[PDB]
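One letter stands for each residue in the lines below.
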Amino acid sequence: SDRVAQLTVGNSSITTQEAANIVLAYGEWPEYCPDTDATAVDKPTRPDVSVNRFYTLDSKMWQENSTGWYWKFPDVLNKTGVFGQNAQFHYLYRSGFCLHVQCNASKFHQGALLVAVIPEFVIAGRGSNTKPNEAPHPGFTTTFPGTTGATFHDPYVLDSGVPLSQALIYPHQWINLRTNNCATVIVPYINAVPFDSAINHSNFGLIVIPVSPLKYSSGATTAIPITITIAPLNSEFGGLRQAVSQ
Amino acid sequence: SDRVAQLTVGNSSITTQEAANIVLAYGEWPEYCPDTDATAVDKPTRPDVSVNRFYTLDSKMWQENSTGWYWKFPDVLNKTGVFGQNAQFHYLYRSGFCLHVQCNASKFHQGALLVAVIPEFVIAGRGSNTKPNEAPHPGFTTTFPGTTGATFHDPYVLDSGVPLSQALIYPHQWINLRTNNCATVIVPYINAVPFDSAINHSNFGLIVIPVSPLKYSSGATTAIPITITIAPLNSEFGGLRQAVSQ
Amino acid sequence: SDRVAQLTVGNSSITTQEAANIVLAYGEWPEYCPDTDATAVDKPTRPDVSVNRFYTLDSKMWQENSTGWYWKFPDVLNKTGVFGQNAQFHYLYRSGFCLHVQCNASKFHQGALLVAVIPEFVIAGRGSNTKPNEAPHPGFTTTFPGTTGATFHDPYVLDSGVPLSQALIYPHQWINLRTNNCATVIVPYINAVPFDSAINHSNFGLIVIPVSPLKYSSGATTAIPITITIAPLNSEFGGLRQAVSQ
Amino acid sequence: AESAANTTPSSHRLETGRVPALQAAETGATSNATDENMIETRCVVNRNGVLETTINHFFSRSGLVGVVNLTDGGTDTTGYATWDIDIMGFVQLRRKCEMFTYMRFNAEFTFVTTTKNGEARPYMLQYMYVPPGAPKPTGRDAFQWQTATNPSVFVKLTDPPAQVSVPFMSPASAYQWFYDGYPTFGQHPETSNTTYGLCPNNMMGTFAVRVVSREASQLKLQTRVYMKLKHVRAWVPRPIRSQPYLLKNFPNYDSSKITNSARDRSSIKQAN
Amino acid sequence: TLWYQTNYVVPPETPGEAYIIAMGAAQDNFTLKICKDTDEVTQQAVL
Amino acid sequence: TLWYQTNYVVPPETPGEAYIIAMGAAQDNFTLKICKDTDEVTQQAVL
Ligand SMILES: CCCCCCCCCCCCC/C=C/[C@H](O)[C@H](N)CO
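Protein chains in written order, with the entry's author numbering: chain B, 10 to 255; chain B', 10 to 255; chain B'', 10 to 255; chain A, 26 to 297; chain C, 193 to 239; chain C', 193 to 239. A prime marks a further copy of an entry chain.
Rather than coming from a laboratory, the hints here were simulated on the basis of the structure. One should not assume that every hint holds.
30 Å max Cα-Cα, derived DSSO-like pairs, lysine-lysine [what the hints assert, rightly or not]:
#, chain 1, residue 1, chain 2, residue 2
1, A, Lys121, C, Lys225
2, B, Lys116, B', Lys116
3, B'', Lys88, B'', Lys52
4, B', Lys116, B'', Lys116
5, A, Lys245, B'', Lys140
6, B, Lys88, B, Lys52
7, B'', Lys69, B, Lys116
8, B', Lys88, A, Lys245
9, B', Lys69, B, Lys224
My request is simple: use the sequences and hints to build the entire structure.
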């Protein structure tokens, strides 16, 4: 009665057979903005059925020489559906997120994945140049990968100069192929400002890094996809104006 | 405490490790005939220890090109033991049945079986002739297969012109080799008459049809038998006379 | 909540995933010697933290043509640690023991082990000579194998003329590689005298005999070790004098 | 309980969850599945007794223990005939007694003495029990036969066989037939450990017998010892030996030429 | 008599030969009477 | 020290090389005192 769970948000449902306990980030539930902490005067809109649902991204084939992938979460759902449309028309934004990462295999495969969230996950340029005009900086497709995603070049340093070993302080979960096949994290709104633009500022970002490499004997299946589903819980929007893309 | 079960009827017992819930057909338990619905005047006999027990039939090797097998249940136990002897001497008969189908495999085999009961399972002849003298009709070994059993020719139409897909309205159970290895159905006495001859009328019949074919890798076991056990619960007999065979 | 167990004695701990119930030998817990049954006048010492802990012996590779191994338990810990040092200096000794035998394998290996204790397990010589001067007697390394252990020559007769089949009357436990990977027996002090020398008298002895041979397909692991851990519960020592080795 | 066990009336079950026939044997416990949790039984009031299967009714048999020869010659004479008190000389009572580890009981020793050809002539005998530590009599006219501070029995051959009662006199709290140790300290050899398994807690002295006369008596007697156990308590039950015995104080067996515990069959798929 | 109900199915890369250990005991209504000598030992070597 | 208790047994058609991830933390009686500078950085490039 602990390994099974059915999460229902809107008109979507996620059933599970091999699950650990759900993770609540920092022990705080995602709620609406109170009147004491708010600062805008205009009334925010709350669809609560059209943007609060499970959106499924693409799947990535977990190979043997894989490094890892990452995402900017207020920027992945920036163009997909009613949530993206409602976020392009508005200037302010505040919501939490519910995550679910699917990765199933047989009882003859071995491996482990580290899925965690990092608030203000800043991508660092890679180089040994200190001159201001040639210092390497990541492009826009590297900082904000969109709905597709981006890969790691040096996943041992999280592409930011911070070691992967010490990244266990964040809200994290493991996907051990002998124990479970999914990981679930519920993260609230974490920012130093009440509302913020969901276009030029990503609050946090998911990262999936295979710590133990994928191994199997010759004869089993070779395509191991990595699927991710996200539910924008308790969404609020303010400052209605023209729709901008980026 | 749900996957394990020990059924005890008479001097027989069936233990299980991989089991689903037991199925009670139409929500009615098999009981004795009341005085309001009965019509015969002579007192019926009730051994209750000599005919109410688990009788085990033969085993059939589940191959890869298998279609399916079926049985006429008041006619399979027509010659085996005290039940068959007591049914040959009597004219009237009324009992329920308890079933159990055994099919075990390893955790590297895949497949699924559909075991269900069909009241008044009438075998249809196979042909495209409408003349009365050449219209094909099934033989006696096809209508009543005996303790051995009969195979299907067109299991997609249940050998009766009714599709197998719609056969889920009957009291059924699945044998999925990754979930369980047995199926259990308890069916009461279902007929439009209180008593009836157990020689020239079969009330219902079991059918086992592999929906998903048996698949395995080269190196595992290849002999997968299909074993069936039947307990004639709450048996009654009336009209004692000479013993007839068929 | 029955298959998991964590035994803690002193500064050691044994965690388990695949476990049966713990065995308490003869339904009696190992306790201290009461004043009614005791006979010595000097006060015995009780460290209770320095000798009461899990001592791990060596590991033995379980091959396919293996016969079995055995041990003399008051003589295996005769030289290892504070327990052995405290037992060399003293003349009297009385304690119980807690056992744990580790043997793990995959879900594709098969086999079974019979681990049990035999009070006063006397090794018998092997031969057909009745003359007193040539009658074969076991050596000291065969009677008391030490911390290493000894192998069986005829494990069908337990190397003592008593059949292995009838050895199920002893406090025993099975290690079936499809059910569990460990066995646990808690045995109290069993002797006809209150105290006794732990140097020239072994109270009982463990024996591990593979009843079902180890079988596996070509491609799996081949090194299957046999690890044993012992906790000398409720130890008492008396008669302090010079330290003797054997 | 004076009877064995009564049977409760049972019936059939049609329900999930209750599995009384799936008792796991890996736990080391015995299957506790009764008949009432299985095939439908009836109500039987059993009044079969269990009194005969107790330990005091199982060890209340005499059996042969020792055979002592006494030639009493004229030119190659000895006079006396000692017999070390041990139970391992005959395999019947030994097999009946070595199915336990620790025992404690009393004795009812009985002495049946016959002649070579078999004849009860009125010759008076003297049965002496020499405790461990006492000097043994050396000769039919020795100093030790005075039996001062020493129990002895005077009986003739025409009399009924003598019978005395013997208490529990081991220095330990109970006897033992299997001693996994050594009697003394020191370095033990690797060639021939002839002192392994020896228990000093079982040497119950020596039993001697002579013929009470002056000159001699040309007769070869043959005494038999019958020991009846009583007030017996046993601990730690041990399996029964399946191999033939070879020595008295050692459970040695044949390495080659092994005796199987069950005889051979025609095939495994055949009951007869 | 021990019969094969369905089959002994086995996946690939797995040995297809197992074993069954048979145990035996007595229930609570087990009763014995009239003591006699066993027939497992008839002769004996002089010890 | 991490020792091998019995063995690492593996069935056929299964890789025979696994890995163990070691984690570390502190209990509730963990106590620190006397603040000083770290020795993980000694020099630095002019930023
Ligand atoms: C007056 C003559 C009496 C003759 C009997 C001697 C009395 C002492 C008998 C002691 C009874 C001992 C019974 C067995 C003891 C030890 O277990 C055996 N020696 C070893 O098998």
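Comparing the hints with the structure gives:
A hinted pair counts as satisfied when its Cα atoms are at most 30 Å apart, and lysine 121 of chain A with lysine 225 of chain C qualifies at roughly 17 Å. Of the pairs offered as hints, the one joining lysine 116 of chain B and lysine 116 of chain B' holds, with about 9 Å between alpha carbons and a cut-off of 30 Å not exceeded. Using a Cα cut-off of 30 Å, the hinted pair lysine 88 of chain B'' and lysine 52 of chain B'' holds, with the two alpha carbons roughly 24 Å apart. Pair hint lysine 116 of chain B' plus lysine 116 of chain B'' holds up; C-alpha atoms about 9 Å apart against a cutoff of 30 Å.
A threshold of 30 Å between alpha carbons decides the hint, and for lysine 245 of chain A with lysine 140 of chain B'' the separation of about 27 Å falls inside it, so the pair holds. Only pairs whose Cα atoms come within 30 Å are accepted, and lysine 88 of chain B paired with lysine 52 of chain B is accepted, the gap being roughly 24 Å. This hinted pair checks out: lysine 69 of chain B'' and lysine 116 of chain B have alpha carbons roughly 28 Å apart, not beyond 30 Å. Pair hint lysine 88 of chain B' plus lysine 245 of chain A does not hold up; C-alpha atoms about 78 Å apart against a cutoff of 30 Å.
For the given pair, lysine 69 of chain B' sits about 39 Å from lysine 224 of chain B by alpha-carbon distance, which is inconsistent with the 30 Å threshold.
When held up to the earlier numbered hints, the structure conflicts with 8, 9 and fits the remainder.
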